[PDB]
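On to subunit A.
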Amino acid sequence: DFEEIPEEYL
Partner candidate 1 sequence: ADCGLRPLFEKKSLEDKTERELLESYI
Partner candidate 2 sequence: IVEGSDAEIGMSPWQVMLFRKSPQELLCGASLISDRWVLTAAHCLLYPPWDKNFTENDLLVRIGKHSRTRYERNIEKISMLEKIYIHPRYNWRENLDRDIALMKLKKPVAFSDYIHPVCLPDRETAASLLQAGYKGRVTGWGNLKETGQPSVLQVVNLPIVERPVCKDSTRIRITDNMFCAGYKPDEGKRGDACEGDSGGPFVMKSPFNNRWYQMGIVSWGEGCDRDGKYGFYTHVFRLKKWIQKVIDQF
């Protein structure tokens, strides 16, 4: 339900 954040952020 939360949009994925940049993988860089993990």
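Here is how the candidates were picked: all candidates are chains of the complex that A comes from, given by their letters.
As a working rule, a contact is a pair of C-beta atoms (placed from the backbone, for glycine too) under 8 Å apart; a residue touches a chain by one contact, two chains touch by 3 or more; residues count from 1.
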| item | value |
| --- | --- |
| Interface partner of subunit A in the complex, by touch - 1 or 2 | 2 |
| Footprint of candidate 2 on subunit A - complex, ascending | 1-6, 9-10 |
